[PDB]
Amino acid sequence: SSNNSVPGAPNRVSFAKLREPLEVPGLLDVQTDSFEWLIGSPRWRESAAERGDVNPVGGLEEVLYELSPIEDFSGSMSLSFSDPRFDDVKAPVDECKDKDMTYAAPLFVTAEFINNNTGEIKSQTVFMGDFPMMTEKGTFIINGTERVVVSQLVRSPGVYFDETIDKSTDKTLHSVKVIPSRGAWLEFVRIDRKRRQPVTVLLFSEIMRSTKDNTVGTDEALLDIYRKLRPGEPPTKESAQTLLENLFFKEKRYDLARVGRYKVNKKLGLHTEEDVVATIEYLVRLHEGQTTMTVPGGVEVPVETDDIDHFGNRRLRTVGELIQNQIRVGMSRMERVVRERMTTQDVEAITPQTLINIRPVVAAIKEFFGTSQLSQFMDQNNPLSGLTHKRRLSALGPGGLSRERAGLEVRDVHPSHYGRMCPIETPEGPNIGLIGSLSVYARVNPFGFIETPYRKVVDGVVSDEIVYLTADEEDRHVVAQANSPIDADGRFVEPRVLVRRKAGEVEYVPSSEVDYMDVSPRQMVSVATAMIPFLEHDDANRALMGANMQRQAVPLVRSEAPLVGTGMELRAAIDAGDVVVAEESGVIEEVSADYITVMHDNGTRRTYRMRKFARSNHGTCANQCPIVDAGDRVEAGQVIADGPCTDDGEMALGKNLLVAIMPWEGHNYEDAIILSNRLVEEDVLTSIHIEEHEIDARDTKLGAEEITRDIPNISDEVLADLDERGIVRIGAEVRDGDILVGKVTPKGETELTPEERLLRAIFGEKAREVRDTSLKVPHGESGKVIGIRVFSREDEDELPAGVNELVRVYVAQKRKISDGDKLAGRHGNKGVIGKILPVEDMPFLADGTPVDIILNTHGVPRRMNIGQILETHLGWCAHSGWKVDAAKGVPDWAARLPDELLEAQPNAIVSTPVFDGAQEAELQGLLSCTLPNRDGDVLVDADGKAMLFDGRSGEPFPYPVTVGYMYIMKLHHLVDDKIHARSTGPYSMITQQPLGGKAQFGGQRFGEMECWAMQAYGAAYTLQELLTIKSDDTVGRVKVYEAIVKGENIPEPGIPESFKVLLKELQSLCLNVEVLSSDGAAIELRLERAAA
Amino acid sequence: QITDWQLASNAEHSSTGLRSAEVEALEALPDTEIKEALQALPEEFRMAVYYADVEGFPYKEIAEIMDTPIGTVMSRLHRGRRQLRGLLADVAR
Amino acid sequence: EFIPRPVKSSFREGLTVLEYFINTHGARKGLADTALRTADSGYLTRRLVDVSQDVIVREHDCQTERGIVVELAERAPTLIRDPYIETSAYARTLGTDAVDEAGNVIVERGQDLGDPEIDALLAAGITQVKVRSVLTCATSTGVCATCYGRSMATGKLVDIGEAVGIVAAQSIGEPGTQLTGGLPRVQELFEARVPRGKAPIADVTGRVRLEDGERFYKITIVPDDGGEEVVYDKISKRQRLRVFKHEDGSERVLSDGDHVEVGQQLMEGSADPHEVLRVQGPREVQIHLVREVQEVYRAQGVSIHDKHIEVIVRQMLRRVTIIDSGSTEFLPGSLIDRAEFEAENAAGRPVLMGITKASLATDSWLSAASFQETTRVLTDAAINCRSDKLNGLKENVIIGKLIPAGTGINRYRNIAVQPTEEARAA
Amino acid sequence: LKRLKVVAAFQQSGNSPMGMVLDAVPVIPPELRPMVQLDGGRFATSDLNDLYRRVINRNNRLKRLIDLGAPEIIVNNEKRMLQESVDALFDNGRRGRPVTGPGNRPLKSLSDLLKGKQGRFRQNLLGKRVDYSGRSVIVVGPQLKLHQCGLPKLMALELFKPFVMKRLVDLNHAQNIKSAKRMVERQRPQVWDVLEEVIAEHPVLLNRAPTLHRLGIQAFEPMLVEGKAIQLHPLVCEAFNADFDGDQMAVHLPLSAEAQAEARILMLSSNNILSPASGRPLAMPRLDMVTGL
Amino acid sequence: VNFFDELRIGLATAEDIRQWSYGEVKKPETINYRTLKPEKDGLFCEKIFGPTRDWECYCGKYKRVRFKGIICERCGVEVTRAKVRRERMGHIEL
RNA sequence: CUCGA
DNA sequence: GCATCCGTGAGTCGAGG
DNA sequence: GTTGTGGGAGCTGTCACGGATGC
Ligand SMILES: [Mg+2]
Ligand SMILES: [Zn+2]
Ligand SMILES: [Zn+2]
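Residue numbers (the numbering used here), protein chains in the order written: chain A, 1 to 1092; chain B, 1 to 93; chain C, 1 to 426; chain D, 1 to 293; chain E, 1 to 94.
To be clear, the hints were calculated from the coordinates, so they are not data collected in a lab. For every residue, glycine included, the Cβ atom is placed at its ideal position computed from N, Cα and C. Be a bit skeptical, because a hint or two may be false.
Partner residues are not named here, just some residues of chain D that face chain C (Cβ under 8 Å, in silico) [stated by the list, open to error]: (1) 1; (2) 13; (3) 119; (4) 125; (5) 189; (6) 193; (7) 212; (8) 213; (9) 274.
Build the full structure now, drawing on both the sequences and the hints.
Pasting the structure below:
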């Protein structure tokens, strides 16, 4: 009973027992609505009219109003910007990806210049730059790569009070801090890293009367600030006055926030100096401890210390606002030169275009999108990756805290996160607690505060009027729970109800005391987390791991929706934006492996091009396939084609495998996994991986490289797959080592070997003298050449300086599941494949059906994730189908929930939502009435177990084993990517040690702790060898190779080059270091074989 | 710090790449083909082709170090170049 | 802290929404806490490695007759097993022949003290033993094999080239990530920092006088030798009094007028190890430090053999501080090695120093520069025109020479081997 | 006492305190502060070069000012700037605000090259990257002997590449040594047989990080395995704290005779059954084995 | 031979600093943007630090192993292995 | 920067 | 007479771009 | 050769410790 809203969406029967009173909002709205505010689109106009005041202003309109008008110091001239308009887009998205461009639109504005003494008003339309644009999917394209702007967590402007304890006698010491929208701050009156500031030396009070302060008049407090914060200059009477007037009263310097001003006026008074008086009164009357406070003109404020992690005092700046702030920076940097040109030039001859240099705004936008920590390479292993990435909230970055100045209380789950930031989905590693994901139903508001929806309660009556509350508004109310008994008409059945109050604590209050109720369970969860069946049965560690590992599934050649899922797979796949969706209801007029054309009813034609075998940012294969047939009538929103990890419109991150839970000969020891070789023969876990090799011919000192099929002394047979250009041919199968693009690089004459010198002399060779710098395929890689793209400087192809030609070979490979690959269930139950057994010796059921995967029993109980077991049971139920016996009534176990679950055909699609859905009793009931197989044999008994035969000896295993169907994902951690060895390779020019990294054919690092270990063994010679002739001895290593090749003993080791380099660095530090003999001076460091 | 990615990517366009211990040690070994092709010629004309082609001396210095006139040196040069191109023409390719 | 409302559900019944919510607190807090604990354990292991890596075996036996007494049992009318024979008695080498009063010689000096030996000693009624440790070892440079005893891995007598120092650092650091009063206390000990809650101790035997006041504990000892009376400052009521005043008296809390011996703790808590150094002697500071450190690792299920902690503690006392230079060029108040101070001989008093400080004060400026505070080390080395003998194993690693340990020892690396005549014949 | 330590060092060392003031700065060889160009024609250089450039520019400006006999205040400003720039070049950030490049990154001064976990000492002297080494993910091999481990064919072929080339020239599969190299690189079927010969009784070291105690590095005899994964004997897992949830391990090939001997005798898995810290046994049945028995 | 006995430090006197040096750098210029060649008397000058290419001088009149150790007079760049570029220090006169 | 043990 | 202000520590090994 | 008006970005949620410095 789910997915009824989405047309054509398959029928996934749901065990849920609660009505869904609110659908999932646009799971990308967090990004879109933000950008649509920034731009001022009609969408945002209507959305603000529906839930906002009558005077809306977009991000750019606001920036312009703030900047206007650029005025001369004498007030003689004034420049005013207005009416931000966009042209159409320069190039489409796929075009920008192909050409390595930046999807953007030209920005235009009306610039009105006025000379106050000539009356001349020359209006003009000025162009501000190529403003980068947000795509349908909510991303950006910069330099041809797709990027996401992750929302940032930061402290909203305002004043905040806290209560510390002094090291004197544990006295309760109050402190305050004022965080501004822009400018400096202060504390208590210490200001700008200058302590020892009496609060009374700058202007019933308990200690305000005690201030100690010795002065009278206004010049003392005016001169003390210039003598205490503006040093390096004598004490003056005018400069201190000027600075004090330009500190906080001045609006140019000190930017009073809008959100900040709202928060502060809510903290002190409905309607600056008033604020400072209220703040002093607040600190005083907080040192006392009184409940409320009365300020002149303001009233009704609770005297209380503020929580720094509360979501009513912690906001997030969406993409729109980050862009707005970068634009403000560029605009101020431009206004500087605008005034600086107003000064010099003559009036009546300066047009808006003459004094407006946009270079700083362009550079600001560019630097933001290209260097900000919040513009991130889009995680697109699969649709769920990108969907969560867009909805993500991180606290690091410019303007937030530091990855090292962020302690542990920052990373703690605050009670105000309920329904706003999911508490499960967060990284396990260093970034833990710092990167969360937006809750499913959550929604950002104009001020950057995360609101969440609740059903209104009128006289213990759950209504259908929904209301969105922020953390503050919520705290001030009593929120019922979603799984609260309610009779029709919205009436709590129980005398009282469980609820949450402001203290972050729960209570059991009479029904007439409830204000709002949760819209649904799982309201606190994120999208990924909401997709773990039987979540409540899993510990938070393994559940966090399950979410994180769902975001790592690799798309498989053929995708299969989970036999048992939540209700979120469909909506997740759709919002993610990797499936094609019918924008307008019509009739399929044509369908091909290439495109899909629908004829709308009003005669309109719309066509959709299928992404076919597209490489993703992480090598996964984005490949769409249509799921409509010619003549099919499709409604608006219906899914037209499946994406990479989707099936009929549902997130299909893995496959349904026949699992047996039992230790099998140790091959699944200590988390290993055993797979049936079927999964290889039938490609059940096979995936496609597309890599992009690139190579350019550029200008060198000795000339210019040339991409040529003619490479020095290469066998005609080796080039057999190269075209005339020296580029491999499409569809060619390339093993590791083959050539991909031939290239020669001008070589100097001094480098020619003596052999080559004589060869070019005797045979009268030419003066080419090049080196083979051709692009070869790296180790552990192979595949068919999917594609070839090429860019020539000859043609009108734009490339960097000195780069003549540039070719890119796109190579695909089909990876079969293999030993070493990493699989995992949705319950944080990960493991590498220990062995892939022949189907014949796999344990099999009575009917010869061999299991597909053997999961070691010893791994389940201690991890506290029996969720996988419940899933196995329900999955077998769904794979066999069932029929609850209704004759003589409906059994009590199936009475509560089951409505259309009383029977189900084999391979039925069922969803068990989190915190609702399948109950243990109902699971057991279904397990009792399993349907039989072909021969009318019930294979899995009422415990969920079944006898199995040892496919090796033939004898049956003595005890029944739990067999079932489990959803297993192929996580993007594959041996093919991680195997790496090296005998000898490139070294670093600085340390002369082996390069690091597989991509560079590097060597393993023998770290300090490894040398400790080696010493503990007493393996002196092994440690020396590892550290001298394998790393740094520039002659020792070549000697070692020469000795191995000629069957001679390994020579004695020399001197690590890194030591010479250390000596050189010391010397450069003016330290005279010197190596000495037993009794001698400093030792110094620094043909016949060739002639032979 | 310039990265290993940057170092290797630079070597991808340089006159000499980041060489291996293997490459060095094998370079140190003798090229049997050309060594055999040289050992065929009379060690006088071959010593001349050495002092003239491998080392690049001027013909006057070759006459000096050979203790022979210039004409003999250059005639040995011509004859030896002809011979070795004969034996090393199919080898050069 | 703990939430006054518990998780009444089992993860089989499925947790209610709010139960799952509250449980995430613990889950995530624990994940982050392990993240930090691993780094702290790592830094402590690194400092141990540095302060101890120059400690290798060099002789088979120093022949010393010093050692430590280990309890092997306690008697109650049948004998209990000594609580931690596993870590302090087992795997030692017996210093003095242990014979049962009115019995045969059960175990000979210089034996392994394995399971059979301990069992025989216990059956014969041997309630205690005296063993040889590196604490009381007499060798000059490092430790002798016999003072160290069995090699925990090989089960035999440690070989003459072992790097027992690094193995001790590892044995002590590897279980670090199990410490959940904890790892902080282990560091407070190994670094020899005046403890947070300082529990003063009796400076000399005598009679005690307590004085009560409003949060004011005032103690005064009248010495039995008649010297001046030792007055200890007032202590807040937070420190309850120690629970042994039993010299033929009250085997209970300290009461005014009790007889206090010299090395008796006065009030519950931890005691300053420097105070015990100056009051009871260095061989007592070693015992106290080893036991205190072992306490933490024992309260967590971690059996670290005492000999490792002794290998570490040894390197904290190798130096003395010179009060009056006297006839020598040693500046006063400077930390000088004990042998460098004995040979030259000079008011040299023992001194305890933490592993970090002990390490930064080594004779190899290269080692110090590579360990920590590179800038200061290098500047002082340049000023003092220091010269590194290139003798520590870390130094040789840096320069690419065979480390002086295991197969790097001179006797081992220069072995000559020729086939015998009888074999050369056939 | 404090102010005496330094004066006495300067006295007894023969180091004239005059050194503490410099009239000439030393410039480190260019190879130790390299310069390269990346994809895009742009150039990358070591911070050093930029600090040296600032020092040299300000020095030339001071010379030009001294020649132009400018006001004493201007020349004093230039001298202060020169002192500050040399301080940056030496220990940037130590005094005043650090010198920043693009992005406000404090440039790595000459002192930064010696300090830290990633400085010269800890990062390049106490541990380095080595040849004849590899990495890959580990999976349990139950059929293994405690003294055995399974190496992927390709891994072993790459590690022993010189050995296999030598045995390929011994036999007449390859004409010369260059041809033996080309053959081993193409993976010609002749190599495989030869490979199993070279690997005979040739130990290899396996390591898993973090290396907490020495058992974190253990020696094994390798046997060729089908796949691209390292097979690890289960009993040793305890020693490595290794479970097969995806961790990987590194392989090192001892070359010298003494190295192979240390691997066979000192670090052989079979010889390291017991915990060097407690004497208890580690290579002991752990979970499944236990239940089985 | 890796058998040193001791290693010693000491503050360097300007005399030591100049004895070390192979020439003083004078200009901020590093390399010619066009020819990718080290500007002379700059932080990459080959006259003092060393030759970029084996046995090749700056101007080019000398490029062959025939004359090793020769000191070119046109541009004053020793003709030796470029390895020395890692071991030849410069200096600046304050 | 993110991620794996 | 010391109270602050600063300067030093804070796990290892792996992968992309 | 420079001749009308002129203070910038950066932390900025870390902690625990030991010893010059500085009033
Ligand atoms: Mg693991
Ligand atoms: Zn001894
Ligand atoms: Zn020249």
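How the hints compare with the structure:
1. 1: holds (6 Å)
2. 13: holds (4 Å)
3. 119: Status holds, d = 7 Å.
4. 125: Holds, because the Cβ-Cβ distance from residue 125 of chain D to chain C comes to roughly 5 Å (cut-off 8 Å).
5. 189: violated (40 Å)
6. 193: Not OK, violated: residue 193 of chain D not within 8 Å of chain C, min 34 Å.
7. 212: Hint on residue 212 of chain D: holds, closest Cβ of chain C at ~4 Å, below 8 Å.
8. 213: Holds, about 4 Å.
9. 274: With Cβ-Cβ at 5 Å, under 8 Å, it holds.
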